[PDB]
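Novice: Let the hints inform the model, and build the full structure from the sequences given.
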Amino acid sequence: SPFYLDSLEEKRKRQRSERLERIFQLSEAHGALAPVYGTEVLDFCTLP
Amino acid sequence: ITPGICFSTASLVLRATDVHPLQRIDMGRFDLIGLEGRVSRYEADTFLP
Amino acid sequence: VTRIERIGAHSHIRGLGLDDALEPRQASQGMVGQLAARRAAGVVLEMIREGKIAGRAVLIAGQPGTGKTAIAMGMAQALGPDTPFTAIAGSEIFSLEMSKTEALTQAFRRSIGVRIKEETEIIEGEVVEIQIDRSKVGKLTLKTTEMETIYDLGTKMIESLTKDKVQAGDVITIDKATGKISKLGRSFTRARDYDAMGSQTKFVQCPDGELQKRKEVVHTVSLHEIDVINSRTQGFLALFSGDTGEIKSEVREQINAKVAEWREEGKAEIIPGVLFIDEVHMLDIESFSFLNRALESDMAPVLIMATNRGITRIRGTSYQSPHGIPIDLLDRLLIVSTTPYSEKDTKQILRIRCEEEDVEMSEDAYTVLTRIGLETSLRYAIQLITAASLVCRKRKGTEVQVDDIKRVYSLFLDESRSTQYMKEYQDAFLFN
Amino acid sequence: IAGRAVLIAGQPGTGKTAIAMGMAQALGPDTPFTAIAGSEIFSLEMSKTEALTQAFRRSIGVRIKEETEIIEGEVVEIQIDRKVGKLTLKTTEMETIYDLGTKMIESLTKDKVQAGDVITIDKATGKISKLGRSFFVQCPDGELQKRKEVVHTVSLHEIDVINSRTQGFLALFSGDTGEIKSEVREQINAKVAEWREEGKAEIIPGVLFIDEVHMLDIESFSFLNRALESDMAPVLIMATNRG
Amino acid sequence: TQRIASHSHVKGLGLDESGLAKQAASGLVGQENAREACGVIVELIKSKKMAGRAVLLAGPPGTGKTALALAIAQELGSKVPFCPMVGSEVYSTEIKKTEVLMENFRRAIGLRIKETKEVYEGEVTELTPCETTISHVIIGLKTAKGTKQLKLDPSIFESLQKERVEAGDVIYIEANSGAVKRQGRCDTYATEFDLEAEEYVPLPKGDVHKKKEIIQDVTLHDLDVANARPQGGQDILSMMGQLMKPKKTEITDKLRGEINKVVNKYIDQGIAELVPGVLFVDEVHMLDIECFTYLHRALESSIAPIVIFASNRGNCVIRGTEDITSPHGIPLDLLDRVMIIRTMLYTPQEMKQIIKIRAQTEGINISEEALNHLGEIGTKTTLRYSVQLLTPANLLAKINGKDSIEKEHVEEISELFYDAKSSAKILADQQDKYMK
Amino acid sequence: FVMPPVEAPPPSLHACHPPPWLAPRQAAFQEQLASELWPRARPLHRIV
Ligand SMILES: Nc1ncnc2c1ncn2[C@@H]1O[C@H](COP(=O)(O)OP(=O)(O)O)[C@@H](O)[C@H]1O
Ligand SMILES: Nc1ncnc2c1ncn2[C@@H]1O[C@H](COP(=O)(O)OP(=O)(O)O)[C@@H](O)[C@H]1O
Ligand SMILES: Nc1ncnc2c1ncn2[C@@H]1O[C@H](COP(=O)(O)OP(=O)(O)O)[C@@H](O)[C@H]1O
Ligand SMILES: [Mg+2]
Ligand SMILES: [Mg+2]
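Protein chains in written order, with the entry's author numbering: chain A, 1882 to 1929; chain B, 917 to 965; chain C, 16 to 149, 156 to 453; chain D, 68 to 149, 157 to 209, 224 to 331; chain E, 12 to 143, 153 to 456; chain F, 1978 to 2025.
Some clues are possibly wrong.
Computed list of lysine-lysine pairs in PhoX-like fashion (alpha-carbon distance at most 20 Å, straight line) [as the list claims (entries may be wrong)]:
1) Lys165(E) <-> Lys1892(A)
2) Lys184(C) <-> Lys182(E)
3) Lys231(E) <-> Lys417(C)
4) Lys1892(A) <-> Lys230(E)
5) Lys60(E) <-> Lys415(C)
6) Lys1892(A) <-> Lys231(E)
Bear in mind the hints are in silico, worked out from the structure with no lab data behind them.
Specialist: Rendered as structure tokens:
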């Protein structure tokens, strides 16, 4: 590894950590809300 | 047959309601009506927890 | 922290304060006095809990400030959240979209809860491979943390999978009976480290256990909700917008029959509840006439009402009736009368309010405030509680004294003093 | 000064409406002058308070200046090949051939343009309007491509209606505005204040004239009492002959 | 506010640290007791623990009730939601009156949300979907500070294709939502054709990845109207619903309760803060009996804001009733639920002080004798008339060539314009000629 | 047989420098709506 740079790899691993944190926070945010009724309730209550 | 009415306005007017994404919050965290027909009670209550 | 529910006019009421014999305690669960009225409310509450008798009407009558809404809130709190309790005011039935009778019908059907219970077999797993030969026949591979199998697909299953754009790494559930596919999430791999994500994508763990699962869903809905659902093609949107309109009576009869069928099949249970209309005197004669025969149905909840009117004029007519309500409806209902409070009861209510608001007051301050409440009104004293607390905190005090109460009495006027001051300068005000 | 109200009162046939018309004439077309009768605020489409709010906001204008490139000339030759194309335009002083892009090719195809037509093109939008044929309007003289300063005076009501919904500008012509939400109006007021602070626009306060204001009811008068207290309120002029 | 309004001089209640009212401060003159009461009310609003408390400002016209409410609003600041409404605004032609009242109640309650937003912005240098269907999209965005390669969720490819995003276009992508906006073509390609109907935009200056931590205030009504109708939707019913005229609807209490639950969840999470705020109802006597009866219930809610009423009526008939009179046009039951703040009439010295303050606010120089004459006129007719005489008199002074208002200008303006009393006297003197 | 005396296309909104995303979005919306609804409007052809 003659051309290895420590600063570039530190930046890249910081970017990877930030990306993983963003993925976690977005996955938590996009499934936080629960439906008022839900598909099962609406399907049960919907007559032909 | 008549030509239509060409109503001319300032270009800045069409951007009056536009807000940059860095200046507004995500309103999808309060989207309850969007979950209807797409999200089930199973997903919210049994699977995700 | 500050939650959306804050200290209101009835935050101190947690129940009716009764024992097992429905005998009211002098001060229990935030209620003081009104022993006879609280006992009557408890009897009505037992009637509600039994659920056998339909369309029972009770009117809570009394002078303003005598605890009618307090008793109604105590009944609502004592009644479980399982049993519906629709609290509306009389003015809310005057709508520009639906008639008064339609509004009252919707409130009645909002007061009956239907608890549904559906058990459904599902397939739940993560998609490994989707192969389609040619949109005719294909195979789908699903896996869990403990299982993996392959399925042969037909035309409709392939079409449904292509419509939902199901691909590898997606965690989906498929209903065996109907074939509908809903996507729960997608699994996370090293190659799925996205920099930007869509508004609906979310990463979930691969399900464990067995690929075939049973889904049991129990929810409580009202008759009005089922009516709105079955009113139009996407009627559930009106459950948010409120643009219901006037639902056809045939739809309501069909839904009543279907609910009876569910109740017989064991798939649903009926929980009749309470409709509380506060300040009913705002209802017109037509609304009273409709209420007369609406209570006679077998799907009518308990109707609790509250008025503070004496012998007054019925709205929409020129006739005088004892509560503003025509005597035909009054013969259909039991009247619970509230008596004015005594000095001891007023002081106890002031103490409960101070404890609720976390205000410390001296005994001399309590005596002065009770005297003010008897002289002017109980609500004026209750407001002065917070006013004096704020003034005391302003002067860096810790306990409200008589000086603070006198200061806020001078700063804020009750109705009598304001009326006197207006009469002093009557010509200044407009349209006397 | 904002929200100043003046009443012209006098016997019938004493020049009240004449005075109002002279005031309107002394002001130019630049300053808005909304003239309505008291009966006009009674509508089945909206409330009285909504009608008076639209009357007020029609009287305040937002003057916005922007620069555009306008190409006006006579078409000499148009060539389109399977997309690439060429367009040759001439004035009485110069002639030019243009290499066309895909969007301008589509715009020229949608609006049939043939040799000899005199057309003007807005470069940024492709807005092509044929103003006649020459071989009837004389061909333009000077430069083919001109940078023009276009000034628009847009009322607050127009901004609200345009931004109320998609294709919402149609309501400026067909009524159908409904009752515009106060949130949209507050957002528009904030954006107009931002424009004024940033120099992007100038406010031109105008005049709302309500002839025969005695037709208004108590609710409308009560609304006017506080509607005049806003900083975006115009000057209100009313006329009545009632004792 | 560049233009000067009626209350442009009101900056606050003018109280001191002890809560006592200074004689003249923050643009307010006199009304010491009312100002101290409004200070107590401001302290009540700041202490967020009370809900549904109501206040009435009762007094003769022109005594400063609206000014006191605006002073309360200024004392609270722009961070606290102050919703001003007029009593006659509840007569909508789309929704019932109680719906208007509840909508305003929810407008007064505010929610503060702290959030960090991430946007990837720049010119597109490469757009390559990676097939396994599409596993992911690799995009290349360029700015003045460099180039960044991004891996996109495959759902964003549909948005990119809908927006017609190609190489050379300047776009931004929202990290949290995947929304793509194509804001024109890069101006480096402006010369690729001699005539295209394109909007050419400069290359963005900063980094491709932009992070901003923002605090935005929303009200419960915003979430209610956001959940009243669906947004987007590729179905035929959704598209045809986009063409339907937007009409206000009676939002259900079920939706209100669910939104309250969501708000409580986010408050518990710690990303939201509640600001209860104030709803000001002016000309409350224009409400009818149904509105007052609904207010009886609404004020008793544990979710309601602080409501301030104002009335100048004396013993007058309630609007919806036949002959029932009440002290302020307000039923005695609602008056039992409010704390009344009384405003008094102004002395001549107070009128002169207010006239001087208005002159200073309007950028008008007035001489001592002119000020005394204006005060005498205000004593004779009305404070509002004298305040309204300042600008025309200043205009006459400017036309005559003088930079200050003299007594002759005030006399000329008083001759040119009439007050209510003089016009009423003329009308009574000429009853036959004027229309009946 | 009744024909309107005048026939006009809808009014058009023109700005010198509009947001470059509004027009393509409207075009796509119109295209999708036409592709979904025009086949369903064929029975009314003789009336039109
Ligand atoms: N028995 C009681 N115990 C405790 N508080 C009471 C009682 N009766 C009345 N109150 C209080 O008095 C106030 C007014 O009474 P309420 O029942 O709300 O209205 P009304 O009885 O005049 O219809 C309420 O804030 C309530 O908390
Ligand atoms: N001072 C005036 N100078 C010129 N024309 C006048 C004058 N007063 C009235 N008129 C004309 O005579 C007619 C009288 O109408 P007008 O006086 O405006 O009625 P109103 O009293 O309802 O305002 C109008 O057509 C007006 O143009
Ligand atoms: N105490 C005061 N100090 C300063 N200005 C005042 C005061 N009272 C009233 N004003 C001014 O007088 C005008 C009319 O008063 P207003 O607020 O309408 O009284 P009300 O609300 O009782 O009708 C307002 O523009 C207000 O700015
Ligand atoms: Mg009550
Ligand atoms: Mg006239």
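Novice: Compare the structure with each hint and give your call.
Specialist: Hint check results:
1. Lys165(E) <-> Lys1892(A): The given pair, whose Cα atoms are some 16 Å apart, holds under the 20 Å limit.
2. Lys184(C) <-> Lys182(E): 18 Å, holds
3. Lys231(E) <-> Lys417(C): 44 Å, violated
4. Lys1892(A) <-> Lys230(E): Status holds; Cα separation ~16 Å.
5. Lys60(E) <-> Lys415(C): Holds. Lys60(E) to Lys415(C) sits at ~16 Å (cutoff 20 Å).
6. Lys1892(A) <-> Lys231(E): 17 Å, holds
The structure fails hint 3 only (numbered hints given earlier).
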